[PDB]
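Just one chain is shown here, as structure tokens, and it is the form deposited without this ligand.
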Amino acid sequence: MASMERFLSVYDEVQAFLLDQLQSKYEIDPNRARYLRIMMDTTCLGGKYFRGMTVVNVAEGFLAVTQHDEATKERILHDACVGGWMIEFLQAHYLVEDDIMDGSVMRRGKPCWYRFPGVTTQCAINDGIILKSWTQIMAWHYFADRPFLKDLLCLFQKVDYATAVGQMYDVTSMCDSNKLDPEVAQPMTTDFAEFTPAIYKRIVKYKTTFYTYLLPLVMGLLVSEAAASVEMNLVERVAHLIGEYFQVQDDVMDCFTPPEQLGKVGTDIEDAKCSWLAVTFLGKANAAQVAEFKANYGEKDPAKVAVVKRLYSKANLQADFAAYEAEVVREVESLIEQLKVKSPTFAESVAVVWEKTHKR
């Protein structure tokens, strides 16, 4: 069986399990079960399943080089699919809640969950909570007797928490740190002194890289009983590198990709986000450019946004991007080589993760 058809089959299985348990142990009625079914499908399906499929791909890599009974190969692949779905559902949680927090309109060329007429924010906040609860129900059901249960749950929590911390770093990225105060409405930064590479890196490391690259890689290792074929500091380093690069691409596309390809109208400029474009622009701009950026950034006004866009196009950020890219290729290749000392197989999974990130 091809990996994707197994992964998709296990979604159906896990969905049936969750909804069946809701009827048999949580007293749910049929119409509410249908609501939850439709919520699950709408929030968890329709992406590329990159994250969850990474778990599967890492596990398949080990299967190719490790002796096992056929029933064991099947069990490991089923565990990798279940684990994959945990990460997809964790993402679904965050996309639901983030869309509500940001007042987003679309995601993947469809309305954000909370905008559906029969959902509303009141229900959608809680739907998002359910989504993350369902990751725990899956783990406890399917991994109840597994030797990796503890490690897997402890890893999952730490990544979830890093993610929520990342979200705080992101939504507060345009405030002056010294002015953060629950008692006082937060003004946008006027100096942009906190739009640095190091600060951008911290946002991205926590908000994105832990759940998108570290967790799929390490969960694949866990469900394969293979954590000892790797130096975990190397896995973290490569994860953080690849994830930062992933984000840099997304930040570029938010500004320059037509809405039809990103599946939304990009608003990073209007939201005054600490994006790779803003940080890199400020790292090369002259005095006058800086002053024009400060008078136009973080404003809904289409004229001011167009001035910000024009500032970025004139500043030749494509050249900064190519240089960033080259350097990432260097460092990622280096880390892949270091990973080969202990696991060729694992190194090749990371290679595949890198090439799917780099090509797109």
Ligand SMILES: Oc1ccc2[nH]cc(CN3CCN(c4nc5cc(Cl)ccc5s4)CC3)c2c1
Given for the second form:
Number of protein chains: 2
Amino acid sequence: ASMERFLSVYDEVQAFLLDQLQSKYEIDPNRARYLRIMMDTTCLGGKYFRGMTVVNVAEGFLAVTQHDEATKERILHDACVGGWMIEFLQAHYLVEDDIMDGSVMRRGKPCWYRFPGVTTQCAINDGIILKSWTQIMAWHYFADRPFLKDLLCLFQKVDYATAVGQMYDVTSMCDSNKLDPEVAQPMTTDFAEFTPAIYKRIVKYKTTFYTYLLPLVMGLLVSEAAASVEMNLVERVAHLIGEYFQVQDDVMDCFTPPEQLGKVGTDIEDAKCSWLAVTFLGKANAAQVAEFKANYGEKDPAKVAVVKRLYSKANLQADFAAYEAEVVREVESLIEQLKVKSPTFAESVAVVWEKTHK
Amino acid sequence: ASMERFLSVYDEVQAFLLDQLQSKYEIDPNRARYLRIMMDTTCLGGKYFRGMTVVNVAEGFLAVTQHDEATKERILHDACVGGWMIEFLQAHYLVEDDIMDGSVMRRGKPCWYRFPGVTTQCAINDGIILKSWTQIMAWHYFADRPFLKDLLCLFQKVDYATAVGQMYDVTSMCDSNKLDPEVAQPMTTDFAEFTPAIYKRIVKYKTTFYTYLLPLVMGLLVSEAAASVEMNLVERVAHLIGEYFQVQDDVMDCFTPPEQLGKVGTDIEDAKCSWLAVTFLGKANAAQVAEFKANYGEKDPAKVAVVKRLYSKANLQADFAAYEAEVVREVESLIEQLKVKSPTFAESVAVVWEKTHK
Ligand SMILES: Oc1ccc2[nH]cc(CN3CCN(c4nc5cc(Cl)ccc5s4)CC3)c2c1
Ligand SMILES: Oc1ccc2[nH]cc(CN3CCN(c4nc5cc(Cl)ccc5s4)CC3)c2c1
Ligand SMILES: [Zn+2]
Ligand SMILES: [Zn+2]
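What's the form deposited with this ligand bound like, now that we've got the form deposited without this ligand?
So here's everything in the complex, that chain up top.
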């Protein structure tokens, strides 16, 4: 099974990284232990959706391509390593984003920086190490691979797009004309930049490149199958599914109970440009817009409750159902176009969509 | 002149990065302005020692090798780009280290995160962007270069060694046996880990890889001259000069006036494993060791003054002169060994040493 193989490779990669720190970086057993615990706490515990997508794409191609058994094993091992590079990249951005946002919990556990023996001083560096490990994995495991250059190039572009996305996200509540390193940034008062186009740009860069595009294209690279697809369709479908994924996360932040969510959602307090805020502003009357402005982006729980009740009374479920019908329609159309060059790849995309939609 | 060429290339690289953000990353003029100012504030203003070393090494080879004029220009441009990759890598670690350490000033100006319109929330990400830019530079400018693979591999190893070094540095005042993410870390009471061997390990990784090794080897790579040297001698001399550089920085932190230093030095308050603390512990009697333990690593200015006077009365100038005589001796010996394969490269190393020593 794919999951058994995926988790066995984590143990192998972890052992390799820590053994390398001992043999080449003069590490002591106590600092190796700290880094082992850091890796487990930051990398494990999720669903491994991003990493398993690489494995699933590679598995799809194996089913229709002629290979020696040793080659099938090599491809599957490469897909697991590539999938772990993505999981570690996600771990890097979660560690850093939790510090930047002052987050309290992550997956029902405290954020890494909040651990007593960690602190922000160490956590920022731990986050840096997590991303350096993705490169150590690539150069070691893919040293002789024909796809090494393309993989490192794609990984770099995705990482950069994601850092650009975090900038778009953290500054989404400021007026663009006021951005100035010399002047403390006031929250917007007009919310003129809370538009579907601006929200789409935030989401496209902050999450879709690393959550959907990177796993799909990495699965193609380790399979030596990039010629079986039209890359423009891959980008379009990845960006489309990724946006839907984030709209789901925005709604859950506001209404999914903290116990089920695994944290206390603070998007309203943080004045985030969420799908709920953009959509609400897209249908509210003058009175509702005014009430929203007087209560958004403030920590006062009475003000947060006003925003939540404004959203509830605005019937955003109808807009969500309408957005979802449009996404089902467009995703199915792009899947159909993917079948022209690769029915196998289209099938992996269908599975990626099914898992997102539910 | 090398400096004129080096600074002209910064303008070109800056223009390329910002133009790429507009054409491919949907950036708006206000966020491009913020990133332009961030780049200038974090990358410029230093002596450009690391970046200019790449240029100087490449210039040395140009003087003794046959090339068309267009090739000499291509090599010099590659050396400037490679030198800027190192300067931007340094900018990344300064931004992040200033946040981690809670630093106030850097080069007589506030630390980047302390700017009113920046904040830690943005600065951590700005630091991440600074390092992604080093990779954007490499993939763009060195796309067709024979040294691209070796350069990216060397850059990754140096970056990882540096992140490992920051971990060694930030945890240098804890007892290794007590390192535990679950438990808040107490300061050491015995200072048994304040030894010359442990101090050497901190310094080797936290600064010598990126300050000395990377500029020298990058100069060789862009010159296609790695066969003109014995790499083991390059590593040994880089590590040796780098250690001397850091011993100088440790002494200046404690005794160079804040006006000349460009900041208020806090190594004593921070309980850092500095050359002054290790050397003092290496010659103190029982009474002096006891007085050091009762005053080190505390913010109280009276306690800091006791440590500074303990250092002053301990005649650490004699130990420094003795360490310096040994370094002059070993650096000169390694330079002599470098002459066997490349008198030109040995000469660039002599210049690197002269600039460090003064
Ligand atoms: O006033 C409050 C404050 C906090 C609260 N927590 C839970 C509630 C009770 N419901 C409020 C309405 N609701 C919404 N579900 C969606 C789903 C989509 Cl896809 C789009 C818009 C909405 S609106 C579900 C939970 C509540 C009410
Ligand atoms: O008590 C204090 C407190 C703060 C102070 N600031 C300046 C001073 C006055 N001098 C104190 C001694 N000194 C040192 N120079 C070096 C150089 C090396 Cl290489 C190694 C060890 C030392 S010791 C220079 C400045 C002073 C005194
Ligand atoms: Zn965030
Ligand atoms: Zn530091």
